[PDB]
Each structure stands twice: as structure tokens, then as C-alpha cells.
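Listed below are the residues making up each chain.
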Amino acid sequence: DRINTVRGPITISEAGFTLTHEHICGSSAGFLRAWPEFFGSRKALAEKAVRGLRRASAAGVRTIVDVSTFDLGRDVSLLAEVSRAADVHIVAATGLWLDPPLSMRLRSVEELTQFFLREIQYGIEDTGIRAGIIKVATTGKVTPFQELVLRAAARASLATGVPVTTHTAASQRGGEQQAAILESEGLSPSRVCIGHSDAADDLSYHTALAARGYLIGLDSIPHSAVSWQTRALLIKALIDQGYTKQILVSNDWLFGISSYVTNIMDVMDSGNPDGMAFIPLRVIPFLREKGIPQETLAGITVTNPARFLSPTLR
Amino acid sequence: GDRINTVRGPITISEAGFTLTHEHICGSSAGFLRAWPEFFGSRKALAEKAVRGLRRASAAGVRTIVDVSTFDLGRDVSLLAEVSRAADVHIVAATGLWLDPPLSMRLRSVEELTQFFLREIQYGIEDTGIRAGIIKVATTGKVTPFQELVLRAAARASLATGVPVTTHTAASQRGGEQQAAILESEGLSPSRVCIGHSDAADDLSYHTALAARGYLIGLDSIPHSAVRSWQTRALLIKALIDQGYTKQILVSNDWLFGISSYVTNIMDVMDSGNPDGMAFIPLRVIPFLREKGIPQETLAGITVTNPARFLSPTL
Ligand SMILES: C[As](C)(=O)[O-]
Ligand SMILES: C[As](C)(=O)[O-]
Ligand SMILES: [Zn+2]
Ligand SMILES: [Zn+2]
Ligand SMILES: [Zn+2]
Ligand SMILES: [Zn+2]
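Sequence lines, in order, name chains A and G.
Counting with the authors' numbering, you get residues 35 to 260, 276 to 363 for the letters of the first sequence.
Counting with the authors' numbering, you get residues 34 to 260, 275 to 362 for the letters of the second sequence.
Read the hints as simulated data drawn from the structure, not as lab findings.
By construction, the Cβ of each residue, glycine as well, lies at the ideal position given by its N, Cα and C atoms.
Careful: at least some of the hints might be erroneous.
Claimed, not checked - Here are the computed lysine to any residue pairs in the SDA-like style, where the Cα-Cα straight-line distance is at most 25 Å:
no.	chain 1	residue 1	chain 2	residue 2
1	G	77	A	148
2	G	175	A	136
3	A	77	G	309
4	G	82	A	145
5	A	77	G	93
6	G	77	A	155
7	G	82	A	152
8	G	77	A	145
9	A	175	A	214
10	A	294	A	311
11	G	77	A	175
12	A	77	G	147
13	G	77	A	147
14	G	77	A	151
15	A	82	G	77
16	G	82	G	309
17	G	285	G	152
18	A	175	G	82
19	A	77	G	156
20	A	77	G	155
21	A	82	G	148
22	A	77	G	151
23	A	82	G	82
24	A	77	G	162
25	G	77	A	111
26	A	77	G	145
27	G	82	A	285
28	G	82	A	140
29	A	82	G	140
Unchecked claim - Partial list, computed: chain A residues near chain G (C-beta under 7 Å):
no.	residue
30	61
31	65
32	69
33	89
34	104
35	133
36	135
37	137
38	159
39	161
40	162
Please put together the full structure from these sequences, using the hints given.
Spelled out as C-alpha cells, the structure:
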């Protein structure tokens with residue numbers, strides 16, 4: 035069985051150590067091509083991303099899932115150039131984040147389903163690069179449009195086997211409403227990662243979703259470094290409850306950011322100079338010294354993402 | 034001010050001819066036509082419909098359109114250049130921002146927005162080398178804080194380059210008055226500004242006071258009433288002529304050949320109500336005004352001389 039990357043299909047075995055929630059650039063639709071000098075230049079942003087991915091490579095990372103959607107300014111040609119030059123697999127995403135323009139906002143659930151299908155089954159833009167995941171974002175209480183997006187995501191996942199990954203505010207238990215809507219469409223929890231779950235510290239929330247078969251995205255560990278040790282101990286708490294197979298870990302890093310105040314990227318890079326290598330270089334050794342076996346950590350960073358990303362019509 | 038930027042390169046002022054100063058090839062959102070061309074049937078189908086529509090307009094005398102679609106209306110300048118070449122009609126492209134800026138625009142300072150508008154006029158749009166010839170700005174209400182930044186950045190790009198500013202209001206709220214106050218605070222001459230969508234309200238005192246201050250008055254959406276009648280909208284042109292303000296009038300259709308930034312199928316409703324498309328101004332409004340007694344020299348002044356003076360980069 036095979037996973038779509040920006041360089042074409044790969045086998046499950048080739049994915050290796052996978053970071054399941056990352057971004058090359060957090061931007062807006064059209065913005066990198068209209069104003070590349072916001073980032074210095076397109077070449078500067080690509081170079082910064084290739085160096086950072088090569089360093090993550092130096093640490094063991096073999097695949098990242100770029101969960102930038104259309105409205106996060108995903109530029110799959112950028113992703114392809116960076117993947118090739120870093121020699122790291124990148125999974126592209128479809129879906130919608132929190133900044134849809136009018137042309138998306140106004141669409142029905144049936145139209146949105148066709149757009150997500152197009153990106154999975156045909157390709158993104160005119161590139162022929164197919165998405166391997168669907169990303170959906172909600173506010174704490176899901177809005178009417180966000181509910182349409184979740185329903186279209188579920189329908190596109192049921193038709194193609196590709197998984198869904200979510201943005202929450204876990205501070206607001208946002209995954210419970212997302213999961214209820216997704217299940218109303220018949221989507222299996224084993225096809226869904228409830229993301230940004232490391233921003234909440236009520237373990238009851240994490241364990242209940244994991245007991246239903248959801249993947250738990252503990253995906254923003256180094257954002258607390260801008276305590277990260279405490280967020281990483283959520284990984285250990287889920288392992289200790291018996292939910293190893295439900296854990297996904299990532300940095301939620303980026304190499305350029307225009308969807309926030311200017312110069313935020315410099316602040317972030319000062320708090321986490323390891324960038325995407327933070328998970329393999331800091332978190333993994335930390336969990337090792339708390340007594341988690343290497344085998345458990347390999348299961349979380351290799352086997353769990355492979356099972357999550359492999360298209361499964363179940 | 035001897036040449037104007039078009040999607041085919043510079044043209045001299047005399048080549049612009051009959052100009053429609055507020056039009057769109059497609060009303061959409063940034064990145065959308067590239068990501069989902071099948072919303073419009075296909076990219077080829079949208080292009081072919083726009084070529085037939087422009088050629089229609091050209092046979093009715095139009096020589097240039099100003100496509101006032103900004104980044105956030107999904108302007109695709111490569112689509113504009115293709116259509117301009119195939120229809121042999123000049124198209125002036127725009128910079129600026131309309132009412133749907135994404136977060137990456139909404140979070141920018143006035144200095145940052147000024148640099149963006151300047152790059153699209155002085156360097157080029159995207160990697161195409163096609164340079165804007167107008168700055169479009171939309172406001173609502175009394176002008177929001179972000180919209181005020183856009184207006185100020187627009188005035189600053191105008192004053193550095195000479196290209197004019199054209200606005201989207203609400204004439205029913207006299208919203209041009211607030212735009213004019215902000216733009217004048219920046220030192221921009223009213224003769225470099227069109228207050229647009231002024232035909233949406235039959236408030237003659239509003240129009241004449243802005244015209245007397247030197248603003249151009251954009252009576253730019255006449256057939257939207259055919260989708275207040277269109278004739279009533281067209282009599283606002285006659286009223287300004289009769290007050291001696293012919294030099295301040297700009298007319299247009301505000302037409303589109305595809306629309307994704309509204310409900311599905313609105314383009315079909317619109318086309319059924321105005322089958323003339325962008326030829327509505329020359330086929331319907333111009334003969335209506337002739338029949339009301341407006342002479343040829345005045346109509347050529349409105350449709351040729353005023354757009355030339357407005358678009359020529361000045362000061
Ligand atoms: C683009 As984000 C901060 O929602 O991972
Ligand atoms: C795109 As419009 C209706 O403001 O001209
Ligand atoms: Zn997120
Ligand atoms: Zn993210
Ligand atoms: Zn408008
Ligand atoms: Zn318009």
C-alpha cells in the first residue's frame with residue numbers, strides 16, 4: 035500500500051520516522067507568489083527550509099506531513115522543491131484552516147467535497163501532486179461553515195481512505211465536537227488525528243479520545259519553549290494508560306510565517322533553534338531517560354504515522 | 034503620464050480610446066482560479082467566454098477595460114494577458130485590496146502595505162512582469178481601522194508613482210466623504226481619485242459636492258439594476288453633465304465573466320438580466336443619453352478624454 039508525497043507515491047516502509055504536523059510556510063492563498071519579498075525572497079525561504087529539513091534529516095527524520103491547506107498559503111511547488119533538495123519525503127494536505135476566503139466560505143458541503151476529492155484524486159492546482167491527508171480547523175465551538183468542512187472531509191476520507199487531521203483549541207476540548215460530527219458521517223476514529231492536543235493538560239480528554247480509537251496529536255511541543278518538558282510528559286502519561294498506539298508527535302514548526310505579526314518567526318527561532326529537529330534531538334532523549342523503551346518510541350514515531358497515513362477504507 | 038501600464042505592456046495615452054474604468058474578468062479569491070478551475074467549468078471555458086465578451090464590447094466601440102480586481106478578488110494577471118491578446122482589447126490591471134483580505138494582509142502595517150502596492154506598480158505582479166496601472170481600495174461603513182491603513186498605503190503608492198486610486202463604497206451612506214477625508218489627509222489630489230459605485234444612490238447633492246472638489250465620480254454599475276431601474280441610474284450621468292461636471296464623470300458596467308465570491312450560479316442570474324455584458328454601456332446607456340439630448344462631444348469626453356486624464360500617471 036502506498037502514500038502520496040510531493041515526489042509521487044511511496045511505500046509504507048519508506049516513510050520511516052515521520053513528523054505528522056509541520057509546515058514549510060504558514061501564509062495565505064496566493065501570498066507567496068504575490069509578495070515573496072515578505073520572506074526576503076522565495077529563494078531565501080526555500081534555502082532556509084532545505085537547511086532546516088536537512089538538519090532534521092541529520093537527526094533521523096525521514097518524512098514530514100505538511101498540513102498547510104489552500105487558505106494557509108500552501109504552495110505545493112515550493113514543497114516539491116524543498117523535499118527534493120532536502121531529500122526528505124513531504125506529504126501534502128487538502129482541507130481548510132481558519133482563514134477561508136469568500137470563494138470557499140460560500141460553498142456547499144457537496145462543493146467542498148468535490149474540491150477535497152480533486153486535490154486527493156487528481157492533483158493540486160496543475161501540478162499533478164496529490165494530497166495524502168485532509169486538514170480541518172475549528173474554533174472551540176464549531177461554526178456552521180466549519181461543520182460543512184468537517185462533513186466534506188469525512189466524505190472525502192470515506193471515498194479515498196486518506197486520513198483527517200484537525201486543529202483544535204484543546205483548552206476548549208474542541209476535539210469532542212469535531213469527533214461527534216465526523217462520526218455522524220460514518221468516519222472511523224482510526225482515520226482521524228485530533229490535533230493540538232498537547233495544549234490541554236486534562237488527561238481525561240486525551241485518554242477518552244484515545245480509547246475511542248482517535249489518534250492524539252501531541253504536535254506543538256516546542257511552542258512552549260518560546276515548559277516543554279511538561280508537554281512531553283503527556284506522551285508518557287498516555288503510554289502509561291495503555292494508549293501507545295494512539296500517539297502522534299510533532300513540532301508544528303514552520304520556516305516562514307506571514308499569517309501573524311511581522312517578525313514572529315525570529316522570536317520562534319530564538320526559542321527553538323532546533324526547529325523540526327526538536328522532536329528527535331530533545332523530546333526522544335527526554336522520554337528515554339524517563340524509562341520509555343526505545344521500541345515504544347520507534348512505535349510512536351514510525352509505526353503510528355504509517356498506520357495513520359496508509360489509505361484505509363475502514 | 035505619457036504611457037499607461039497594461040497587461041500587454043505600456044501603451045500611449047491616445048491608444049486607450051473608449052475606456053470602461055471599472056470592470057472584472059473574474060470575481061474570485063486569491064489562489065482560487067489556480068486551485069479549482071472547474072468551479073468555472075474550466076480555465077479554458079472562462080477564458081473563451083471572456084474573449085467573446087471583450088470582442089463584443091470592442092465591436093461596440095470599447096478599446097480598453099480597467100480590471101479593478103485586486104489580489105483578494107483573485108486577480109490572475111496571466112488570465113488577463115491571455116484574454117487581452119486573444120480579444121485584442123487593452124486591459125489595465127490593478128493593485129490594492131478589496132473586502133476580503135486574508136490574514137497575511139490584514140496583519141500588515143501601513144508601511145508594509147505601501148511596499149506591496151509599490152511592488153505591483155513598479156516591479157510587477159507575481160513573476161509576470163505585468164505592472165498595475167491603478168490602485169483599488171474598498172471600504173465599508175465609516176471606514177474600519179484596517180481599511181484606513183489600505184487607503185493611506187494607496188495614497189502613498191499613488192503619490193510615489195502617479196497611478197490613480199479608485200474606490201468601492203456605499204453611496205447610500207455617502208461613504209465617499211470618509212474616503213476623501215483620509216486621502217486628502219495624505220496629500221493626495223482629488224483629481225487622482227475615483228469615488229466608485231456612486232450610481233447606487235440617487236443622492237445628487239453627494240455627487241456634486243465631491244465633483245466640485247475635483248473627485249471623479251464612478252457611475253460604474255449601471256446594469257446591476259437590470260439584474275431602482277437602470278434608466279434612473281443613467282440619469283445621474285445627465286444630472287452631473289447639466290451641472291457642468293462632465294469632466295468628473297467615469298462610466299462603466301462593473302461586469303464579470305466568472306464569479307466565485309458569491310453564491311453558486313449568480314453569474315447565470317446576472318447574465319440573464321444583462322445579456323449585453325460589458326457592451327451594456329455602449330449599446331444601451333450611450334444611446335439613452337443621446338436620446339435625452341446629450342451631444343457626441345460630451346459623450347466622447349466622458350468615455351475617452353476623462354479616462355485618459357485619470358489613468359495617465361500624473362504628479
Ligand atoms: C498554522 As497552526 C499555528 O494552526 O498549526
Ligand atoms: C467586485 As464588486 C460587486 O465590489 O464591483
Ligand atoms: Zn493549527
Ligand atoms: Zn499547524
Ligand atoms: Zn466594488
Ligand atoms: Zn467591481
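Structure-based check of each hint:
The hinted pair formed by residue 77 of chain G and residue 148 of chain A meets the criterion: a straight-line CA distance of about 20 Å does not exceed 25 Å. As the CA atoms of residue 175 of chain G and residue 136 of chain A are separated by approximately 22 Å, the hinted pair is consistent with the 25 Å bound. At roughly 36 Å between alpha-carbon atoms, residue 77 of chain A and residue 309 of chain G are farther apart than 25 Å, so this suggested pair is violated. Using a Cα cut-off of 25 Å, the hinted pair residue 82 of chain G and residue 145 of chain A holds, with the two alpha carbons roughly 23 Å apart.
Of the supplied pair hints, the one linking residue 77 of chain A and residue 93 of chain G is violated, its CA atoms being roughly 47 Å apart against a limit of 25 Å. For the proposed pair residue 77 of chain G and residue 155 of chain A, the alpha carbon gap of about 21 Å is at most 25 Å, so the pair holds. For the suggested pair residue 82 of chain G and residue 152 of chain A, the alpha carbons sit about 24 Å apart, so the restraint of at most 25 Å is met. Straight-line distance between C-alpha atoms of residue 77 of chain G and residue 145 of chain A comes to about 20 Å, which keeps the hinted pair within the 25 Å bound.
The suggested pairing of residue 175 of chain A with residue 214 of chain A holds, with an alpha-carbon distance near 12 Å, which does not exceed 25 Å. Proximity of residue 294 of chain A to residue 311 of chain A is assessed by CA-CA distance (about 39 Å); at most 25 Å being required, the pair is judged violated. The straight-line distance between the Cα atoms of residue 77 of chain G and residue 175 of chain A is roughly 41 Å, outside the 25 Å bound, and the hint therefore fails. The hinted pair formed by residue 77 of chain A and residue 147 of chain G meets the criterion: a straight-line CA distance of about 23 Å does not exceed 25 Å.
About 23 Å separates the Cα atoms of residue 77 of chain G and residue 147 of chain A, which keeps this hinted pair within 25 Å; it holds. In summary, the hint linking residue 77 of chain G to residue 151 of chain A is supported, as the alpha carbons are separated by about 21 Å, within the 25 Å threshold. Distance hint between residue 82 of chain A and residue 77 of chain G is unfulfilled; the C-alpha atoms sit about 37 Å from each other, more than 25 Å. For the given pair, residue 82 of chain G sits about 19 Å from residue 309 of chain G by alpha-carbon distance, which is consistent with the 25 Å threshold.
Between the alpha carbons of residue 285 of chain G and residue 152 of chain G the distance comes to roughly 39 Å, so the proposed pair goes past 25 Å and is violated. With a CA separation close to 43 Å, the supplied pair residue 175 of chain A and residue 82 of chain G exceeds the 25 Å bound. Taking the CA atoms of residue 77 of chain A and residue 156 of chain G, the gap is near 18 Å; set against the 25 Å cutoff, the hint holds. With a CA separation close to 21 Å, the supplied pair residue 77 of chain A and residue 155 of chain G stays within the 25 Å bound.
For the suggested pair residue 82 of chain A and residue 148 of chain G, the alpha carbons sit about 23 Å apart, so the restraint of at most 25 Å is met. Among the hinted pairs, residue 77 of chain A with residue 151 of chain G is consistent with the structure: their alpha-carbon atoms are about 21 Å apart, no more than 25 Å. A C-alpha spacing of about 43 Å is found between residue 82 of chain A and residue 82 of chain G, which places the hinted pair above 25 Å, so the restraint is violated. The hinted pair formed by residue 77 of chain A and residue 162 of chain G meets the criterion: a straight-line CA distance of about 18 Å does not exceed 25 Å.
Restraint check: the Cα-Cα separation between residue 77 of chain G and residue 111 of chain A comes to about 22 Å, which is no more than 25 Å; the hinted pair holds. The hinted pair formed by residue 77 of chain A and residue 145 of chain G meets the criterion: a straight-line CA distance of about 20 Å does not exceed 25 Å. A hinted pair counts as satisfied when its Cα atoms are at most 25 Å apart, and residue 82 of chain G with residue 285 of chain A does not qualify at roughly 60 Å. The suggested pairing of residue 82 of chain G with residue 140 of chain A holds, with an alpha-carbon distance near 23 Å, which does not exceed 25 Å.
Proximity of residue 82 of chain A to residue 140 of chain G is assessed by CA-CA distance (about 23 Å); at most 25 Å being required, the pair is judged to hold. Taking 7 Å as the C-beta cut-off, the interface hint given for residue 61 of chain A holds, the closest approach to chain G being about 5 Å. Annotation: interface hint on residue 65 of chain A holds; nearest CB of chain G at approximately 5 Å, less than 7 Å. Proximity of residue 69 of chain A to chain G holds as hinted, the smallest CB-CB distance being about 6 Å (cut-off 7 Å).
Interface hint status for residue 89 of chain A: violated, as the beta-carbon distance to the closest one in chain G is roughly 27 Å, over 7 Å. Contact between residue 104 of chain A and chain G, as hinted, is supported at the beta carbon level, the nearest pair being about 6 Å apart and thus within 7 Å. With a cut of 7 Å, the hint placing residue 133 of chain A at the interface with chain G holds, because the nearest CB-to-CB distance is about 5 Å. Because the smallest distance between the Cβ of residue 135 of chain A and any Cβ of chain G comes to about 3 Å, under 7 Å, the interface hint for this residue holds.
Interface hint status for residue 137 of chain A: upheld, as the beta-carbon distance to the closest one in chain G is roughly 4 Å, under 7 Å. For residue 159 of chain A, the shortest C-beta to C-beta distance to chain G is roughly 5 Å, which falls under 7 Å, so the interface hint holds. Contact between residue 161 of chain A and chain G, as hinted, is not supported at the beta carbon level, the nearest pair being about 10 Å apart and thus beyond 7 Å. With its C-beta approaching chain G no nearer than about 14 Å, residue 162 of chain A sits outside the 7 Å limit, and its interface hint is violated.
Hint check: violations occur at hints 3, 5, 10, 11, 15, 17, 18, 23, 27, 33, 39, 40; the rest are consistent with the structure.
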